[PDB]
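Please construct the entire structure, taking both the sequences and the accompanying hints into account.
Number of protein chains: 2
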Amino acid sequence: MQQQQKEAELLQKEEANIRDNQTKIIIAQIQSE
Amino acid sequence: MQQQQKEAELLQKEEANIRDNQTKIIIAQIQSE
Numbered sequence: 707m708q709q710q711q712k713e714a715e716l717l718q719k720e721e722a723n724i725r726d727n728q729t730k731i732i733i734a735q736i737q738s739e
Numbered sequence: 707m708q709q710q711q712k713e714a715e716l717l718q719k720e721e722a723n724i725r726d727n728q729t730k731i732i733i734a735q736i737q738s739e
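Here the protein sequences come in this chain order: O and A.
One rule links them: number in the authors' numbering = place in the first sequence (from 1) + 706.
One rule links them: number in the authors' numbering = place in the second sequence (from 1) + 706.
The hints are simulated quantities; they were obtained by calculation from the structure and are not laboratory data.
Wrong hints could be hidden among the right ones.
Same chains, same names: a pair is fine if it fits in one copy or spans any two.
Unchecked claim - Keeping only pairs whose Cα atoms sit at most 25 Å apart, straight-line, the calculated SDA-like set for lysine to any residue is:
id : residue 1 : residue 2
1  : 712       : 723
2  : 730       : 717
3  : 719       : 734
4  : 712       : 735
Next up, the structure:
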């Protein structure tokens, strides 16, 4: 369960980075209009 | 209880990142007007 919560942290951090990444390209698209 | 408070930290951090990102795209929309 240490391992489970640790990999939960890992997947949280990678998906947080991903979400920030789509929103970065989204603001780029918004300003490209 | 340690596990519960630690995953509480995790969910607070992910939702805080989501909120900041949402307001980033919101200000992008505001300035796109």
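Within a copy, between copies, both or neither: which one fits residue 719 and residue 734 at a CA-CA cutoff of 25 Å?
both (23 Å within a copy, 24 Å between copies)
Please work out whether the CA atoms of residue 730 and residue 717 approach to 25 Å or closer within one copy, between two copies, in both situations, or in neither?
both (20 Å within a copy, 22 Å between copies)
How do residue 712 and residue 735 come out at 25 Å by Cα distance, when the copy is not named: within, between, both, or neither?
neither (35 Å within a copy, 36 Å between copies)
Up to 25 Å between alpha-carbons, please classify residue 712 paired with residue 723: within, between, both or neither.
Result: close both inside a copy and across copies, 17 Å intra and 19 Å inter.
Comparing the model with each numbered hint stated earlier shows that hint 4 is the single one that does not hold.
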